[PDB]
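As a plain string of letters, each chain reads:
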Amino acid sequence: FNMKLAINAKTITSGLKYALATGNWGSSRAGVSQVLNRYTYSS
Amino acid sequence: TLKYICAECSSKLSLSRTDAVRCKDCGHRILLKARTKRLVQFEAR
Amino acid sequence: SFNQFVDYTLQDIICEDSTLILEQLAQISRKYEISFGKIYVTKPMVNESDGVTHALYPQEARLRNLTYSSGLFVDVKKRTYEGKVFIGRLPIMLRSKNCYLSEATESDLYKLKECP
Amino acid sequence: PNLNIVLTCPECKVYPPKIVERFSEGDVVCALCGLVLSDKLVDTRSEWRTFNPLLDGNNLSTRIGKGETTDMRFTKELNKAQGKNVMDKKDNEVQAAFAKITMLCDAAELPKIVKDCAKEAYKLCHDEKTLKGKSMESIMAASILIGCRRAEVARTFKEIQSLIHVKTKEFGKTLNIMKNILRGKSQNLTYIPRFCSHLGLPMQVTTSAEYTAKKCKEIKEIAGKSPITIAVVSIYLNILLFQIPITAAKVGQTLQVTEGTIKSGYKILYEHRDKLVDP
Amino acid sequence: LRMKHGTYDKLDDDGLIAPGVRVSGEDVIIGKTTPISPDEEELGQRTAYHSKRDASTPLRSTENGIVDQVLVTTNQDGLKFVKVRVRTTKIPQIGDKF
Amino acid sequence: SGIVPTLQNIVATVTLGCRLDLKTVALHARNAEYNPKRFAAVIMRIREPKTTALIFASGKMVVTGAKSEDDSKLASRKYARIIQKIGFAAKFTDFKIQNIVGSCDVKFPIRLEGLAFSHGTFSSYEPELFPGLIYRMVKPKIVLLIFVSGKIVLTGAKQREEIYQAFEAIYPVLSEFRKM
Amino acid sequence: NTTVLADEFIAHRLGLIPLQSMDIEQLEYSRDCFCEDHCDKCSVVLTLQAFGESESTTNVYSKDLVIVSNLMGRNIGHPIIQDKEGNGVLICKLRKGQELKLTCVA
Amino acid sequence: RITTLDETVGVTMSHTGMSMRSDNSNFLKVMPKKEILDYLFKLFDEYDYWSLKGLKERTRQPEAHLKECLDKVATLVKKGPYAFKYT
Ligand SMILES: [Zn+2]
Ligand SMILES: [Zn+2]
Numbered sequence: 442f443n444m445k446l447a448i449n450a451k452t453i454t455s456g457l458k459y460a461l462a463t464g465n466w467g474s475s476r477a478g479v480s481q482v483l484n485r486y487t488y489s490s
Numbered sequence: 026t027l028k029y030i031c032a033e034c035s036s037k038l039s040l041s042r043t044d045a046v047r048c049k050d051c052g053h054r055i056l057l058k059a060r061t062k063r064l065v066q067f068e069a070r
Numbered sequence: 050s051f052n053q054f055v056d057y058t059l060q061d062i063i064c065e066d067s068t069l070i071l072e073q074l075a076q084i085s086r087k088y089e090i091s092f093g094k095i096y097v098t099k100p101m102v103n104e105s106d107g108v109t110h111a112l113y114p115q116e117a118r119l120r121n122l123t124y125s126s127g128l129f130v131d132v133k134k135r136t137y138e163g164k165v166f167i168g169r170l171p172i173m174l175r176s177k178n179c180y181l182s183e184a185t186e187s188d189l190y191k192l193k194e195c196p
Numbered sequence: 016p017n018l019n020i021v022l023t024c025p026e027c028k029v030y031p032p033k034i035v036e037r038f039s040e041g042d043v044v045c046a047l048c049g050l051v052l053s054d055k056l057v058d059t060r061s062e063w064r065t066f084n085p086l087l088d089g090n091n092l093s094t095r096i097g098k099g100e101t102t103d104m105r106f107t108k109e110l111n112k113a114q115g116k117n118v119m120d121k122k123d124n125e126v127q128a129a130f131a132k133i134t135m136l137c138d139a140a141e142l143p144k145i146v147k148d149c150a151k152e153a154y155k156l157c158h159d160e161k162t163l164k165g166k167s168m169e170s171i172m173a174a175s176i177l178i179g180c181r182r183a184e185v186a187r188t189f190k191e192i193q194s195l196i197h198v199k200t201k202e203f204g205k206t207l208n209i210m211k212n213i214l215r216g217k218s234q235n236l237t238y239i240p241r242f243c244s245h246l247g248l249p250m251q252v253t254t255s256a257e258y259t260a261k262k263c264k265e266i267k268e269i270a271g272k273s274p275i276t277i278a279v280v281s282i283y284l285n286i287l288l289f290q291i292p293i294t295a296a297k298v299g300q301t302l303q304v305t306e307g308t309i310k311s312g313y314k315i316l317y318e319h320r321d322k323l324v325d326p
Numbered sequence: 883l884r885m886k887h888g889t890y891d892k893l894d895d896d897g898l899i900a901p902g903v904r905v906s907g908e909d910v911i912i913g914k915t916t917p918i919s920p921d922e923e924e925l926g927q928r929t930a931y932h933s934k935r936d937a938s939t940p941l942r943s944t945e946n947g948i949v950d951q952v953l954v955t956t957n958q959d960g961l962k963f964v965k966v967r968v969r970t971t972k973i974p975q976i977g978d979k980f
Numbered sequence: 061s062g063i064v065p066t067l068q069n070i071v072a073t074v075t076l077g078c079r080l081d082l083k084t085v086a087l088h089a090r091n092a093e094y095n096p097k098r099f100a101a102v103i104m105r106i107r108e109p110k111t112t113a114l115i116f117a118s119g120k121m122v123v124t125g126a127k128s129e130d131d132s133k134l135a136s137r138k139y140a141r142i143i144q145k146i147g148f149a150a151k152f153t154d155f156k157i158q159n160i161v162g163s164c165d166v167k168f169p170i171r172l173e174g175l176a177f178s179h180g181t182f183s184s185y186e187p188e189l190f191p192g193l194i195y196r197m198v199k200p201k202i203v204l205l206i207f208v209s210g211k212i213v214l215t216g217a218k219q220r221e222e223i224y225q226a227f228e229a230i231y232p233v234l235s236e237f238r239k240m
Numbered sequence: 054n055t056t057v058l059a060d061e062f063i064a065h066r067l068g069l070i071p072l073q074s075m076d077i078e079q080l081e082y083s084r085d086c087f088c089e090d091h092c093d094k095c096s097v098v099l100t101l102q103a104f105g106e107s108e109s110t111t112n113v114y115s116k117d118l119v120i121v122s123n124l125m126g127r128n129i130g131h132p133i134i135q136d137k138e139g140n141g142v143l144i145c146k147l148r149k150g151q152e153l154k155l156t157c158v159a
Numbered sequence: 251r252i253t254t255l256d257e258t259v260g261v262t263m264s265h266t267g268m269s270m271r272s273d274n275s276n277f278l279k280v294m295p296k297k298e299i300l301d302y303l304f305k306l307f308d309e310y311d312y313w314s315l316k317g318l319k320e321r322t323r324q325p326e327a328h329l330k331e332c333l334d335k336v337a338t339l340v341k342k343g344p345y346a347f348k349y350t
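Chain order of the listed sequences is A, B, C, D, E, F, G and H. According to the entry's author numbering, the first sequence holds residues 442 to 467, 474 to 490 in order. In terms of the entry's author numbering, the numbers along the second sequence are unbroken and rise by one, the last being 70. According to the entry's author numbering, the third sequence holds residues 50 to 76, 84 to 138, 163 to 196 in order. According to the entry's author numbering, the fourth sequence holds residues 16 to 66, 84 to 218, 234 to 326 in order. In terms of the entry's author numbering, the numbers along the fifth sequence are unbroken and rise by one, the last being 980. In terms of the entry's author numbering, the numbers along the sixth sequence are unbroken and rise by one, the last being 240. In terms of the entry's author numbering, the numbers along the seventh sequence are unbroken and rise by one, the last being 159. According to the entry's author numbering, the eighth sequence holds residues 251 to 280, 294 to 350 in order.
Isolated chain A (complex conformation):
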């Protein structure tokens, strides 16, 4: 047996990092996360 074969970090890491990078909250939910807008401070 080994944990390292069982526990697969690349599950979580790649999960969150993907639902942030695209807006696809998964799908079924898109545009949840957008590139921050820095035209001017108040925007």
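Careful: at least some of the hints might be erroneous.
Stated by the list, open to error - In silico BS3-like pairs for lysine-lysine, Cα to Cα no more than 27 Å straight-line:
id, chain 1, residue 1, chain 2, residue 2
1, E, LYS972, G, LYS149
2, H, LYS296, F, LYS120
3, H, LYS279, D, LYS201
4, E, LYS972, B, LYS37
5, E, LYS934, B, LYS62
6, E, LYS965, B, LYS28
7, F, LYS211, D, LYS201
8, D, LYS199, A, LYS445
9, D, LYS297, B, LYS37
10, B, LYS37, D, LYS122
11, H, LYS279, H, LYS305
12, D, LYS217, F, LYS199
13, H, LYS279, C, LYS87
14, E, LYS892, B, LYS37
15, F, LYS211, D, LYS217
16, B, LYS37, G, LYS94
17, H, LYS296, F, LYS97
18, A, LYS451, C, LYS94
19, B, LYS28, C, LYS94
20, D, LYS272, F, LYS97
21, E, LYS886, D, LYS55
22, D, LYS166, D, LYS122
23, D, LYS310, D, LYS297
24, E, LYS962, B, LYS28
25, A, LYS458, E, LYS892
26, B, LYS37, C, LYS191
What the hints assert, rightly or not - Chain B is nowhere near these chain D residues, computed Cβ spacing over 12 Å in every case:
id, residue
27, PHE38
28, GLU125
29, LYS164
30, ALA186
31, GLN234
32, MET250
33, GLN251
Calculated directly from the structure, the hints in this document are not laboratory data. The C-beta atom is built at its ideal place from N, Cα and C for all residues, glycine as well.
Fit chains B, C, D, E, F, G and H with the ligands to the known structure of chain A by using the hints.
Below, chains B, C, D, E, F, G and H with the ligands alone, put in the same frame as chain A:
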């Protein structure tokens, strides 16, 4: 080789091709590029 | 909200299914089950391609196109029925309790090159 | 047949010609007379702007599933008609290799370039008398070490052995052939820093060892029988040059090394302490 | 093979301009080439080169102004990569929106 | 060259021509190591000539540790005589040496890195388990193990003569690759 | 120029710095000289060195322009100083370590 | 709240990757034809429904003598109840 500058350590670097992209004195991995020497001309318009 | 998620909702997500079992039957039945205990979140950092791992500040993340996150770790009990484990990295919101900047001072924010 | 096209100004003809592509006009012109040779140029970045053959070759693929407008009496048979041609292809052992090694290098926390070289290093050899099976691990255990080192990241045999238990022997024979597979188809420095971080040390202690280990290597002291060990002694050499508690016993298990090789290795160091003086 | 009719002289040896250099439209900013097999395609005039097809990045066809700063790092995977920033001054003009 | 490839082991096969009672062979011998739980062959070490031999239920004996064709041959004849004293009419028939492995020295330090790197096609190296190079020759077909100490381990011949020929061929390579 | 201002930004401020031009008829329109674009018969040359030395900020003023071409006795080119502390127009600010060197042509 | 691990980042990740250590927590670690026939007749006589395993364990001798020499006067069925039975 050409001059570079650490981003934080801020030391002139002068590495070459196939050297590590890495700063002495801090293994910081960001380098700027040591602005040109030839003069540059603007108009005060 | 993010602060709340990191403090509580993370832990309670883990411990709602803290265990999972497995039993095999013999001629006496061997049974296995794995526990999930405390959870630990580091301060943000990156593991460089060489192998080295070090703190990651938000400037460096933006320049080098990294992801500003910190690792997750949980304790486990393995149970044979008749230490802390990496599980992945949590992207951090800036200025949140777990971010390097959360408590930094102005004169320090300039040092890190972050607009106050 | 030769099926080949070449352009040349039929009114200069002087050369293998001097022509330029005016892209923004969709033209190619004789750079001498400016006769336009051929026009209606087709774009070259917009093409892939709207958007693995090195592995997946010519037998193509397409992920077939269930849409919104299908009931389970048609969906599951798409899962029951896709299963009739998985053995004419050895490609299960092709993809399930990649999927496995992808599952490996990724779980191993490795750069996604190594993943490719191993997705390569499998695919290039992928069947040989030397291979002839041999547990199908040792390659995915060596093609990674290949894919690792070939991607300029070197890891110890034990380190992969942690990932996959290869009996340490099925590894060795499989490696030799593999390396020679590419040679026919045709570096321990990497260990100093990955170790320092494993001990959580500032850069200078690691900074120095590159000088010391190279200098200890450069003159004499073959020293080591798998120089993995005599790497670490540089840290131990240099950590004692500093005064930071990494006591020998803590070193060992953290890096899974014999303690004996340290002190005896450090024998050649408590005596060679002469020439490592940079400051 | 397959170079851009824009100039390359503004580059340095390492395929980068240096901060301070005034550039104009259709000037190669980042010089990159991807090696090709001598016999990979033989497209046109490969028989003299055998080496490499260029993949440099030219400045936009309508922009200009001075390179402001150039930084060089490695991505997560230790691959070199570079970010060039170009600075322009926009003076109000006739069709501009206020 | 000027260096004789010094044999360290000769492994040879001897057909005694009888189905030997390996139990009685072990019983009537003076110091013989035979138990079925390791092999189906009585292993005898005779100090003169000091050779170690495994003799099977087929009566075939393979002999190792000899320092010559004649060390092994005389040892095998003594082995057959011992078997006949045991009670089986062993006979030296269709003998053949199946292996002649030797170690000698050329004594000049070698750029083993140069050979292995430039003869990657022929020789492979992973210096993190075993510091020796492996080299092949077809004429004569000798495989040679090389180490920085100058030791040459020549193997792959029924005779020391192929050892000699490939050594006369490979010593010039060694001197060519001599590190200094 | 390692200040915190862009060049064309600074260059634009230099243009607006009002120079002494009482005796300006004794100059010529730079498209009437035959010089290789400029000479003392058609232009005045100044220069500006500044270096941030104190730990405090250090201000560059128009009074720090120094003429480095032969005026030929004509009375032109000096930066007008209307103020009472005798510093003219503030041009830039410098923190220690920051440098500005440039050459202007009026 | 969470004990946000106060260590340096470098040390903690050391054990996550290839630490080359394991098993620190024990868990899922995982010949006479006369005598053979005399026992084979004994195997046949004592229990005609004599499976090979019940015979091989009772053989306690080389596998050759029990399986081969007994194959003549003992008939072994393959399927059904009295299968593999030296009856
Ligand atoms: Zn023409
Ligand atoms: Zn003039």
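Right, here's what the structure says about each hint:
no., hint, in the structure
1, E:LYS972 with G:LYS149, "violated, 30 Å"
2, H:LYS296 with F:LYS120, "holds, 26 Å"
3, H:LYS279 with D:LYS201, "holds, 21 Å"
4, E:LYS972 with B:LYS37, "violated, 33 Å"
5, E:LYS934 with B:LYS62, "violated, 31 Å"
6, E:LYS965 with B:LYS28, "holds, 17 Å"
7, F:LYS211 with D:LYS201, "holds, 24 Å"
8, D:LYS199 with A:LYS445, "holds, 18 Å"
9, D:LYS297 with B:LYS37, "violated, 38 Å"
10, B:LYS37 with D:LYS122, "violated, 56 Å"
11, H:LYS279 with H:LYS305, "violated, 41 Å"
12, D:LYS217 with F:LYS199, "holds, 25 Å"
13, H:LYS279 with C:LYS87, "holds, 13 Å"
14, E:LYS892 with B:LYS37, "holds, 22 Å"
15, F:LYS211 with D:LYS217, "violated, 32 Å"
16, B:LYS37 with G:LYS94, "violated, 43 Å"
17, H:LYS296 with F:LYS97, "holds, 21 Å"
18, A:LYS451 with C:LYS94, "holds, 21 Å"
19, B:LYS28 with C:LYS94, "violated, 50 Å"
20, D:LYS272 with F:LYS97, "violated, 35 Å"
21, E:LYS886 with D:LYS55, "holds, 18 Å"
22, D:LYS166 with D:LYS122, "holds, 17 Å"
23, D:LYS310 with D:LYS297, "holds, 14 Å"
24, E:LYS962 with B:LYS28, "holds, 17 Å"
25, A:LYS458 with E:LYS892, "violated, 39 Å"
26, B:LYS37 with C:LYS191, "holds, 20 Å"
27, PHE38, "holds, 29 Å"
28, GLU125, "holds, 38 Å"
29, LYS164, "holds, 39 Å"
30, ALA186, "holds, 15 Å"
31, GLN234, "holds, 14 Å"
32, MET250, "violated, 5 Å"
33, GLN251, "violated, 9 Å"
Comparing the model with each earlier hint shows violations of hints 1, 4, 5, 9, 10, 11, 15, 16, 19, 20, 25, 32 and 33; every other hint is respected.
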